[PDB]
Each structure stands twice: as C-alpha cells, then as structure tokens.
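One chain is shown next in structure tokens, namely the form deposited in one PDB entry.
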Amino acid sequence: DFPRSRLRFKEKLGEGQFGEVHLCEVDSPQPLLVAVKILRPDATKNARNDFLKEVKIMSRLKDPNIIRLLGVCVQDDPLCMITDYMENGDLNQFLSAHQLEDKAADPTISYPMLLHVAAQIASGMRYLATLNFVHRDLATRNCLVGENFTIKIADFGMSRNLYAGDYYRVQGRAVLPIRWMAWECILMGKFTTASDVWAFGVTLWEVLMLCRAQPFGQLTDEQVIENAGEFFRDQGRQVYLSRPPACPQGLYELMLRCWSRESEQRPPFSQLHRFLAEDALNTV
C-alpha cells in the first residue's frame, strides 16, 4: 500500500458522485506524477461503500488501453485510489482542440492518427469483452489521452456539468447516455458487449468529427428515444448519424454495421480493431 503523506497534492483534476481526483507528485516511487481519487469532503457512508467497490472493479483491469490501478492508500489512512496521470486529459477536450490536417498546406491531427486513436479504443474494448465486462458508457468524454496520442479508457460517471447535455435524466431513474445507446438499451434498459459495440460506433463517429458535434445534435432527447422505437419496429424509418467530413465511405460502412438492429450482426471488437489498424490504411 501507499502512505497519503507521501503524496504531494498539486491540483484538482475533477469531482464525481463519491470522490474527487487530484494531480499528485510522488518522490519515492517503488518526479513522478499520478492521479489520485479521494473521498469528497461531504463523504457519506454510501460514498465510502461505492469507493471500496470501485477499487475492486479497477483491480480487475489490466491492459495498455485501460486505466490501471497503481495502488491504494494504507489501511489506516483516509481512502485513496492511485492511477497513472494522463497528461493530455479528456479525449473529447483534446480532439476539440485540434483540426484535421490540411494536405494542401493551430495544432492538427492526421487521418491515420485518428485511426490510431480509434484502434486503441477498440483494443481496450476488445480486452474488456474478454472479461465479459460491459462498460455501459463508452464515449470520448470517458477516454483519456497520455503522451504520444496514447489512449486509455476510463469512466468518470454521469454528473459532470461539462457533459450534462449528454445524459437524459428522469427523477428516480438511472441516468442514460441516450445518444450513445443501442435501441435495445433505450427500450429495455439492459447493456451488453453488443451495445458497447454500438456505443463504440458513436465514439468512432465522435473521433472522426473531431468532437465538434453532439451525436444527433439537432434532434431532441425525445426524438432520440423515439428513434429507438423505429429500430424496434424495423420499418425503415430509423435514422443514423451522418458520415463525418473526415470519414471515408468504407469506414462509415463499418460504423453503420455497429448500429445493426440485430446485436449478432454488429462487428466484434476484434474485427473493429483489425479494420482500424489495418484495412482502413488503404483509405488514406
């Protein structure tokens, strides 16, 4: 374990339902930067329980493209959770700050780098699928960026003010990221690896949009939920995200497969990874 006194708190990186995250320095790792989650100052008994369960969940996750648990604070110390610090933060904010490189002639990013970003996400999801672990909230806002466009999948919950518009809230119900959700999730509220594939399709759409636009952004929440009904009724009235400017038709057809009505017809993450890492390179 690790002593809290050995951590040197530098800045606040975020705040959630049952904890808050700080950038810390460590001078005796056994000047190293890490991210540390601690209880909120109004921490309840309920929050502490959720914190302990989060540690158990994160102890499971061991993959280059999933955030990893480096340690926890000592038994006697106030609770903390330590992970790698991803120095470029939020993938949504990161991509937002770039535009697609102009081949003919302001930080930019190339189409092959967008493929590399998306492939890393697919590799992380491929790993989670081997654990039969369902993410339930895959989106660029839940991905983190490190050095050299390294991507790790995380999950920061559904309460951040910055992304409030990405969730549909009804009193007494689970909060729902409806614009990322497969039709069967919207109608029947249950999540699978196949619905993670659907969300990956939307996440891939985000990446190729350079996070410039909300999925179905000109449709209301009510219209997005009704669209799920049109998938169910299967009478050809359902609608899809449009092809991003940066997205070749061949890659768009991959995305459309992620949004297949039948869960079994959606590509597995192994197929998605292969396409993004290899096939798509002839579309450059």
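Residue numbers count along the first chain shown, from 1. What we label the rigid core is the largest C-alpha set whose atoms superpose within 1.5 Å from one form to the other. Compared with the form deposited in another entry:
Summarising the superposition on the core between these two forms, the listed residues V239, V55, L219, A43 contain exactly one with a Cα shift of 2 Å or larger, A43.
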The other form holds:
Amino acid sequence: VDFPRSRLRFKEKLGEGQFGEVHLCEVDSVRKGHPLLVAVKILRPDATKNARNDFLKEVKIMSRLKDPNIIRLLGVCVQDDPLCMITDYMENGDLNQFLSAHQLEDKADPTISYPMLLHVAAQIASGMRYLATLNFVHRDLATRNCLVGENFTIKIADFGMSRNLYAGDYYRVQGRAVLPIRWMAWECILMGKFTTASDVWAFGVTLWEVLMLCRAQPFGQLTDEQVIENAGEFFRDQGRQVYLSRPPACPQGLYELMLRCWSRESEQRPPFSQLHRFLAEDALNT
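Switch from the form deposited in one PDB entry, shown above, to the form deposited in another entry and output its structure.
No partners, no molecules, just the chain.
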C-alpha cells in the first residue's frame, strides 16, 4: 500500500522532464525539531493519459533498484491521489553542479582532492556494476544524472532531461528522441544500439567530466554535427576518429582506462567490475 500525499509540503522545483517534475518536499512528522525532506516526482501541469502511463512504468523500474549507489523508491502516493514517487532528497544536488564549484586541491574557497575524485567515480562504477547485474541499460549516464548526498555519497539517477541548465547536452530533431550525443558510443548514434557496453562508453565520458571537475562539456569546441560525424569515423575505422583529451587532473594510467572505455569494439570495453576495482585500488598508486 502507499503513502498519504496530504502530508507533503512542496518547497522547491528540482528537475523537470518529458512527463514529470521533481519537487523538494517537507514531510510533517529524524529528530523532533527538524522536518523530513524528500524529493517527489509528480506529473507535469501539461500531463495527459500518455504521461500517466509513462509514470506507471517508471514506478515499475524504480521499485527494482536496490543499491547503495542507485536512488531508491521510498514510496508512492495513495491510490486516491495524483500520482507521485518519493525518493531521498540528495542535499548537495547533482554532481555536475556540485563539482563545478570546486577546484582541484593545490599541492603547494572549496577544493577537492584527486583521491576524492577517484572515490566519486568509484561509486558511480559501483552503481553501474549493479545495473549491469540486472541487465539494465541506463542510456543517459552523465554527471548531471548523478546526485550527491552527505559525505560525498553518490547515487545514480535518470531524470530532469528538460532542465534548462543542461539543454546543450541534448541533440533535438523534430520527430526524434532527445539524444545525449556527446556521451553516446558510436554504435548508439549510428544504429541506436544501447547496451551495457555503451553504458561503459558513457561512463568513460562521465569519468572524464569528473576529472575535468565538470567545468567543460565533452567535445565542447566541436559542433553537434561534428560529434555525429565522429561516430562515423569510429565506424569507418581509418584512424581519423577523435577522443576526449586527457584532463590535467588525470594521470596517464587513468586516461588509458578511459581510452579502453571508448574502444571501437563493444566487447573490448572493460566491464564495470573491472572499472570499479581500478578506481578503488589500482588508481591509488598514481
């Protein structure tokens, strides 16, 4: 059975998508002084029958996700009520906004250390490892879809595609799906093939973002059209394809790992179990 929405106090808009929007909410009566804060996804004001259907399917997907580094479904609104999904409020916002504020610690004003960058990335790899065990393909992994809680805890989400802050991250063509082409493997762009291996590619790009402290867009100086043509160069494999450059905060060893994520052949990209071990262990000696 479900959760009574009467108990919700809407406080702030956190995200906005095709059919839904997310609000910060206060739950009236976890100390007696402080209220309980949650994030609540509800239908958009322009929602229709179609929106309700998509909402019901998202509930089905979310009810499956039970991992420390994936957002969890705390509850849904009572049957009588307008549809809602409730999850934890992640108090430090999305990872892109959070990291963007910081600079890399100067070995010789918020700063963040290289080992903390590894810790962030490792948590993302752990969440993705779990999704891989469920044979669940994310399709839109990026730092804008990761959320930051207390003590640099990271949870992967998939939301807020219509956030104005990230409008430039999506390639929109009338009559087509909205596509995050700068994060997409070449076979996603060319054939629409999304797999765990293309989630690994997107993880490589997400790792690049983290090591750039989210201060630059992948392929930022190239046009959307140039990014799409680059996928063509991966397909043709005449050595004219290009890659994201090594971030200044990224040691060559870690960069080589990212390059493996962007292997032309899907089967040659590393599994998330391997990525996680590298980021949690091997990366520490560099």
